[PDB]
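Visitor: Here is what each chain is made of, one letter per residue.
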Amino acid sequence: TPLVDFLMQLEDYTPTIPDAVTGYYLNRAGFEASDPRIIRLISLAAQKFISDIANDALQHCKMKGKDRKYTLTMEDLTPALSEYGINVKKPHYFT
Amino acid sequence: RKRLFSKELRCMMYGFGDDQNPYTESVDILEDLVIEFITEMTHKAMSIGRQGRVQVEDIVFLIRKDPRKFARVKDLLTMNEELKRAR
Amino acid sequence: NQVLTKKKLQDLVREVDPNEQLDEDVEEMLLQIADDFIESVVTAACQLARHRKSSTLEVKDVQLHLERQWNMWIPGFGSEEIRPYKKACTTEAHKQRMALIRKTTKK
Amino acid sequence: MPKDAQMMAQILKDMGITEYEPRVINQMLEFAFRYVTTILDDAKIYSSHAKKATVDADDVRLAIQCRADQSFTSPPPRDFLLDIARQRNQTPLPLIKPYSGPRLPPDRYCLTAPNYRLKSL
Amino acid sequence: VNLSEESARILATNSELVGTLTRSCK
Amino acid sequence: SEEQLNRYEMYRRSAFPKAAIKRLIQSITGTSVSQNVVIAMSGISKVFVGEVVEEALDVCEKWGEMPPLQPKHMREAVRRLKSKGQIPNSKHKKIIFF
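Residue numbers (PDB author numbering), protein chains in the order written: chain j, 114 to 178, 189 to 218; chain m, 28 to 114; chain l, 55 to 161; chain i, 12 to 132; chain d, 843 to 868; chain k, 114 to 211.
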């Protein structure tokens, strides 16, 4: 069982998102998470998604060439979000 | 449009297990797929990196997610550098 | 005058998992979904054709509705060579208003 | 306050909204910027499909109408909800068995299930 | 000169072996 | 054997010609590309053909048909590849949150 094998590997990884934060957002979604390994798997999936978006943004920033400190500006996050299903469109210069 | 990949694609399908004599309609589907793939990659490459220029670096970022294609690009570039050095 | 005939649909289920049946309700609903998809695609393509000031539905505007909305590329038909992709037609008024956001920010 | 945030407070005041959060006007200007730059997105796809130079008004008129079905789909109309009801409202009400305990649907429509969990080995 | 004539011999045999008859399908 | 050695010969020696893809890419950019672009773009498209034919022969082996590849196994090949995100379409603005 791939999911069971992944849970066995997880029996070591601790996610950045705490269990009370994830265990609350499952409560608004419709269930109280009894087993504290399901909370861990969902938190790890969310952490992977955020990390991938941020790393794609960092790669665009590194490609533009400035090489000392990388600022998470909207010019690097907005093309990095469109590869997934997040399409932001922020205005400028309100007349 | 005519078919610019009619004879080349029949050697490639034989290379991946199809037949020595594939069907013309199947060769046509494969040719259309290849043209669409090249066009999509070229537009994304023009958007990413230097606007209006398609470079090897942009192509490599675009293919980074898929393992089989990324490995082939790296191998071809390294082998090309080695052949230039041998010459 | 029906387009799907409950034997082509049954083989569409047999090609996925041959030990699987549909119920009468599921079969009727699948036929209804097919009919609705055909109607929507045809109406949108016809509106694009009316827009090209033409009276013939070509395959170039059944392409543009399925790609943009339904995420479908039907391969074996072929198109004309796509024109050189215009990247940014940023106008002068945007080049001078966005050159005021930076003028206040650093100076 | 720009001239379109001074007009966004007038629109909410014209409705039954007298007390709103001040973050709302910053939100209703991001929606109004995302909408016109999505209509003009589709109005540039349709100008090149008819192979014209500029974006005319008949392109924007199509781009408005061809994204009122997916971006802003509607609740069902009154002529459809009447026909669905008046065939549902014609079958009679069934009778009730005298002693059936908890009255519930069949077991494939309820949420009563053995509801397992993993052995924490 | 050796690279110029030998390049077309990898492709000339790719028109004699594969694809002798042309087929079609309903 | 004697067919595996002929098939391995066609798996390696076959390629799209560089004189046509450099004509094909430059009709999309407008000005010019480089030789190391055409070398890579001719190589990814061979992997992509090998992504379809190796998977269209999985469609044919799943159903009850033989090695000759009908277009039924080829439209199904693009359908299964697109559901795993392998076939990129830059004209469908997708949305994951609903």
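FYI, nobody ran anything at the bench for these hints, they're computed from the structure.
A few of these clues could be false.
Quick list of in silico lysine-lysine cross-link-like pairs, PhoX-like style, CA-CA up to 20 Å [stated by the list, open to error]:
1. k:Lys135 - j:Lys212
2. i:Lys108 - l:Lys140
3. m:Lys101 - m:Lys111
4. k:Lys206 - j:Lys213
5. k:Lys185 - k:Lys195
6. k:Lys135 - m:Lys71
7. k:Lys207 - j:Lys213
8. l:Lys157 - l:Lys141
9. l:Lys107 - i:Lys62
10. j:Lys177 - l:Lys141
11. m:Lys29 - l:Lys107
12. m:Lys71 - k:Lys175
13. k:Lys197 - m:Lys92
14. k:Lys135 - l:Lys140
15. k:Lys195 - k:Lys206
16. j:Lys212 - k:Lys207
17. l:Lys114 - k:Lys175
18. k:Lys195 - k:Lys175
19. k:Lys195 - k:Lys207
20. i:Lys14 - j:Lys213
21. k:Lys207 - k:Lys197
22. i:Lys24 - i:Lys14
23. j:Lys212 - k:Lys175
24. l:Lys107 - d:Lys868
25. j:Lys212 - l:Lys141
26. k:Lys175 - k:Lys185
27. j:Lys213 - l:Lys149
28. l:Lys149 - l:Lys161
Visitor: Each hint needs a verdict: does it hold in this structure or not?
Guide: Here is how each hint holds up against the structure:
1. Restraint check: the Cα-Cα separation between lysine 135 of chain k and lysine 212 of chain j comes to about 35 Å, which exceeds 20 Å; the hinted pair is violated.
2. Of the supplied pair hints, the one linking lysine 108 of chain i and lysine 140 of chain l is violated, its CA atoms being roughly 73 Å apart against a limit of 20 Å.
3. A threshold of 20 Å between alpha carbons decides the hint, and for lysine 101 of chain m with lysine 111 of chain m the separation of about 16 Å falls inside it, so the pair holds.
4. With a CA separation close to 17 Å, the supplied pair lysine 206 of chain k and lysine 213 of chain j stays within the 20 Å bound.
5. For the proposed pair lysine 185 of chain k and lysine 195 of chain k, the alpha carbon gap of about 16 Å is at most 20 Å, so the pair holds.
6. Among the hinted pairs, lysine 135 of chain k with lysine 71 of chain m is consistent with the structure: their alpha-carbon atoms are about 17 Å apart, no more than 20 Å.
7. A distance of roughly 18 Å separates the Cα atoms of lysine 207 of chain k and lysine 213 of chain j; the hinted pair therefore holds under the 20 Å criterion.
8. For the suggested pair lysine 157 of chain l and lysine 141 of chain l, the alpha carbons sit about 26 Å apart, so the restraint of at most 20 Å is broken.
9. For the proposed pair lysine 107 of chain l and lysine 62 of chain i, the alpha carbon gap of about 11 Å is at most 20 Å, so the pair holds.
10. With a CA separation close to 18 Å, the supplied pair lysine 177 of chain j and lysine 141 of chain l stays within the 20 Å bound.
11. As the CA atoms of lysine 29 of chain m and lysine 107 of chain l are separated by approximately 27 Å, the hinted pair breaks the 20 Å bound.
12. Straight-line distance between C-alpha atoms of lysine 71 of chain m and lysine 175 of chain k comes to about 35 Å, which puts the hinted pair past the 20 Å bound.
13. At most 20 Å may separate the alpha-carbon atoms for a hinted pair to count; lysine 197 of chain k and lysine 92 of chain m meet this at roughly 13 Å.
14. Of the pairs offered as hints, the one joining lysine 135 of chain k and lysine 140 of chain l holds, with about 19 Å between alpha carbons and a cut-off of 20 Å not exceeded.
15. Our distance criterion of 20 Å between C-alpha atoms is met by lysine 195 of chain k and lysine 206 of chain k, whose separation comes to about 15 Å.
16. Under the criterion of a C-alpha separation no larger than 20 Å, the hint pairing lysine 212 of chain j with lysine 207 of chain k is consistent with the structure, at around 14 Å.
17. At most 20 Å may separate the alpha-carbon atoms for a hinted pair to count; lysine 114 of chain l and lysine 175 of chain k exceed this at roughly 33 Å.
18. Restraint check for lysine 195 of chain k and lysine 175 of chain k: satisfied, since their Cα atoms lie roughly 18 Å apart, inside the 20 Å limit.
19. Of the pairs offered as hints, the one joining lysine 195 of chain k and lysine 207 of chain k holds, with about 13 Å between alpha carbons and a cut-off of 20 Å not exceeded.
20. Pair hint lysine 14 of chain i plus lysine 213 of chain j holds up; C-alpha atoms about 18 Å apart against a cutoff of 20 Å.
21. For the hint pairing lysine 207 of chain k with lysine 197 of chain k, the CA-to-CA distance comes to about 14 Å; that is within 20 Å, so the pair holds.
22. Taking the CA atoms of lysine 24 of chain i and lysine 14 of chain i, the gap is about 16 Å. The hint holds against a cut of 20 Å.
23. Note on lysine 212 of chain j and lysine 175 of chain k: the hinted pairing is violated, with a Cα-Cα distance of about 45 Å set against a maximum of 20 Å.
24. Distance check on the hinted pair: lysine 107 of chain l and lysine 868 of chain d sit about 35 Å apart at the alpha-carbon level, beyond 20 Å; violated.
25. Note on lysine 212 of chain j and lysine 141 of chain l: the hinted pairing holds, with a Cα-Cα distance of about 18 Å set against a maximum of 20 Å.
26. The hinted pair formed by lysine 175 of chain k and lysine 185 of chain k meets the criterion: a straight-line CA distance of about 12 Å does not exceed 20 Å.
27. With a C-alpha separation of about 17 Å, the suggested pairing of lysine 213 of chain j with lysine 149 of chain l holds against the 20 Å cut-off.
28. A C-alpha spacing of about 18 Å is found between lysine 149 of chain l and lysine 161 of chain l, which places the hinted pair at or below 20 Å, so the restraint holds.
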